[PDB]
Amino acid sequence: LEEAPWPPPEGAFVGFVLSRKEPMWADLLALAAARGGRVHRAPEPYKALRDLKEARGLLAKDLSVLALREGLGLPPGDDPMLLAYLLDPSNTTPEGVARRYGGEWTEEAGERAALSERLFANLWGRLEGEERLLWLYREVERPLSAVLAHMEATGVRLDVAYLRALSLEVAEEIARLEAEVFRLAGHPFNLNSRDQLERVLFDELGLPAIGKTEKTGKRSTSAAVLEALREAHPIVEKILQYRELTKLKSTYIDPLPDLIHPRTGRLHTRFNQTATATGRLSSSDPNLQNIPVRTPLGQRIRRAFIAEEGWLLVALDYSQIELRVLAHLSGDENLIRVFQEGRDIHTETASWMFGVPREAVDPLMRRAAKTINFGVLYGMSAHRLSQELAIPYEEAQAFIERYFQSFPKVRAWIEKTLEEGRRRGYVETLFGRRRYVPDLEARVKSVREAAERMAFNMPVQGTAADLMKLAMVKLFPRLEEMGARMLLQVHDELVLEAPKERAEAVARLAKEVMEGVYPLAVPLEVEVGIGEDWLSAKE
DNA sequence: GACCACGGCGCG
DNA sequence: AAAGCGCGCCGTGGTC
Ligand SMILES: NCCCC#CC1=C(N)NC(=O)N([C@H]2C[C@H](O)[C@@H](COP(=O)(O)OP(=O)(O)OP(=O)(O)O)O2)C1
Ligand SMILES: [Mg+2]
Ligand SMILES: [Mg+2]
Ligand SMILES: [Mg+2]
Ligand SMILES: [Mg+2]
């Protein structure tokens, strides 16, 4: 391209280079723009940002987040990554997309700007005639990138002092556990090494190996294996407790306080828009979509996520979302009827599981039943089912047969979905988001059947994902108008932050927006809570 | 120092 | 572990 002075004209595509991948932490090393056979390189990148009306190009959101960080209201616009991701969700990296659609991802901003321009041209062309994918781009993905930029730049408050204190307490208990484990082993070793632990359990102590690891075929020391060995030796329960504590300390308690941003005083994640096979978002650096909640210590950690002083967190979560979606997709009368009657399948399974009346089911019981309900739906084996329920194999098989015999059109929907995936080479969500599954025609059964589980899951998980994205796009401007903030998405959950005076109004509004986003054959129900911290807001 | 595969496990 | 699906991050073991 012909080199030309900064600034570029309107509609130009940007290229940019960051010192590190995370936009909230990155130095803007270079900035350029391309349009009409010209490339414009900015002598001073930060100041040059002010000249742009929008960030149009590869990874547009990252530049937008950096702009917002610097106090500049620069929205992201067209991004070839989003076009490519819709065409084929295995398109996840600029490296791959460039290679596939007409160029090379290099480390020079001008080259990135020029690449953005031509990739957009090519990809836009491939989306001609693809009316449904075009709709998803214009109505969902492109607007959502703006919403996500604001969420990333906003961050969430964390009680750092609390976590520091908690680390010390957890360290002392970890020391107790490891010392006990070493005593029981008769000698110290690296308890963080599963290789060393395997030898202790299975070679030194008398314990029977139960399972093998996937890639290298070592004797597994996974939680499932240790659970089954709980009564065989006192060391097992001690290892399980050590694992829980060290996992939580090493992954959350210790790293998170170190990641508070010096300017904002908050914790900032990345919401990756082109990262999953189904259309879900992912979260990284740090991942805020896997903050603990199941165990007592996990709950103590989740409580560290707090509202700003004078504000409250609002948490909203779609009820039984994939089951409702499945009802719509399959058109099963029985399942549709369940939701029209305001029933709860998770609670019902739980009452059966623990052998108590439906009223006796506590949240932890219901949560246990969730894994069982979705596990069975998406192809869990009776053996695993019997194992995790500690019921005879015969009981497990019986639960699975009744699970499906109750809802006839579900299996039919599955069969049709798989048959159609074999024919077209892809499956699709309600809105037409696609996932290619070539292994549906694999000649190897285990490979083929794994592919089948991936394939029929995708329309369900993906439709739920599409619905949440659409809801975020609708909700965001309403929140802006109310002075509320959208902070996090966790798949079928949103966490907002609202001024205390407006918190109740915001909760009601958000619930209605989420429930009314795109009506299905069954009602969408959203549960909502309000609190000073993430845990309190979910109760 | 960074990268990697792996086993493992946190969430949905 | 086992025929649930979808992710990202941990330490280890290892390489470069
Ligand atoms: N390890 C976490 C324990 C609880 C769980 C779970 C899920 C599992 N195991 N598998 C899924 O596919 N899940 C998919 C299907 C769900 O519909 C969706 C949202 O998860 P959720 O909000 O926890 O469950 P829910 O929306 O079905 O139920 P509710 O509690 O929100 O009413 O995510 C969730
Ligand atoms: Mg839910
Ligand atoms: Mg949820
Ligand atoms: Mg892995
Ligand atoms: Mg290893």
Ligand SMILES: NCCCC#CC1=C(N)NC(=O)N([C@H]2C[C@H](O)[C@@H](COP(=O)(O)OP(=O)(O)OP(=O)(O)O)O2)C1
Given for the second form:
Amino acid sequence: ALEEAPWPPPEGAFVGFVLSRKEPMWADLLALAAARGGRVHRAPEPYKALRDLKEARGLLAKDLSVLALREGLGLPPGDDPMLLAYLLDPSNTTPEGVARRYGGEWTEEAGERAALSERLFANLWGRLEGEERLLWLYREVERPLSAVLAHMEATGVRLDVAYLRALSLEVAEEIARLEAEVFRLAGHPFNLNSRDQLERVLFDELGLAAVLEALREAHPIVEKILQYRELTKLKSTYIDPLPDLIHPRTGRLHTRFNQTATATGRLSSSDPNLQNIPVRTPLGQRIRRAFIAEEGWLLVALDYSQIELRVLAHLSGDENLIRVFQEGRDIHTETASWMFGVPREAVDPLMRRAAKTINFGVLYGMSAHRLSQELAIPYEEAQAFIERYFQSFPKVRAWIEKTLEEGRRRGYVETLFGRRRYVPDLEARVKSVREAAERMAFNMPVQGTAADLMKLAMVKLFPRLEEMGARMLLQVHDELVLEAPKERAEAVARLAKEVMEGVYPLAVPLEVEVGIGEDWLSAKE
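Now that you have shown the form deposited with the ligand bound, what about the form deposited without the ligand?
The text that comes after this line covers the one chain and nothing more.
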């Protein structure tokens, strides 16, 4: 046991806390404690207790910072063992998981959480001090980012409830129509949500899991059904819930951001989860339209153009790919031109399509077999096309090979900045497993770097942003969403563009599309 001591603790103490709910902005602070030396300090009354701390230092610091901010206190997030653990091995994503792996237990008791933080920090910090690159990431990117996220989560984003309500009825209507059609193609009404009734109808005149249904695209009814499922999912996952997630004390929505969740270092969101809102789908766009600016403010949305290809270009050092970007020429057009040995002027739109497909196909995994189906071209030609590609960008092939070799030898792969991911499976004899590792192997450096760049961008942008009355609100994919006063907008945009594009010196220029509007959808123009 440790020695009890009265509140407050000397500065530099590690904080432990317990919430009544997982969402910081909605939870009630039940317990608060601090540890330093061999002592523990338990706060008599949690809320007031916060004011005695100059820095939330410990496990899940950001979360506490959020609660404090909603209470009008500027309590900054400090060192957090989670970040260190994550940097050591991206597998470390939850506090319970980390504790177990490193000798501690995660309990629902403030004091204990306070002690655990101290212990962990010392332990992991030692292990990190020898890693030049990782220490850099922790200090220059990770830690500072905590503050940023804290503010984002706390400020939140305004929603157009009126619009949401309306949209709900529209989709409900489309659903009814689809349902009607299904009945027509079935000859008799029935419950689409009922397994038994569905199965019978299918077997009724057809010869037979969403995958199963997808494969059974033989009768139009199956198509229409899947559409029904889709709309239903979206309506209940994004349209209907949103209004209910508006915090009473702010009038805005507070989506959660996690810093140590994805396997590649990309930020993830929850409640909702922007990541899964349909990209360029009529409905998806309509949902984005719900996110609006404050009365007298505007939304500035910045997006990175094909960052992954530019990153690849840099990591491979492929003269051709590099030239495409340095020359500012259309990537897909040039790809086609190369693959088919035809000058720009004669690029058939179908060639462009093929190129576009391959380009993306080589990024996410190595879309080999998929090519046939997605292109409706015979097997042989598909392989040839792939060959033509690497023939045009040799160094990309060389890079992929090198990456895997290094992976097998060292046991891990790393992003441009040094972030690492261990890949033991590259030596697996089981096909599917080894192939999975292989995808991950080259996906990691490309995606990881894209993530790192964005994070670096944010970190160094925040201070300057705050200098003007501007706010950082959302981050999804390779996109940032800001909020700024009507008269300041244009200026803020100009700044954001520069900062982002010049975040780090690449052999390829970085480009950012910028849009300003009253709502997210309008902004993206």
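Residue numbers count along the first chain shown, from 1. Heads up, when I say rigid core I mean the largest set of C-alphas that superpose within 1.5 Å between the two forms.
No residue of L197, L119, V325, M151 other than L197 has its CA displaced by 2 Å or more between these two forms when the core is superposed. Core-superposed comparison between these two forms: the CA of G186 exceeds or equals a 2 Å shift. Fitting the two forms on the rigid core leaves the C-alpha of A315 displaced by under 2 angstroms between these two forms. Relative to the superposed core, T92 undergoes a Cα shift smaller than 2 Å between these two forms. Once the core is aligned between these two forms, the alpha carbon position of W105 differs by 0.6 Å; this is the C-alpha shift at that site.
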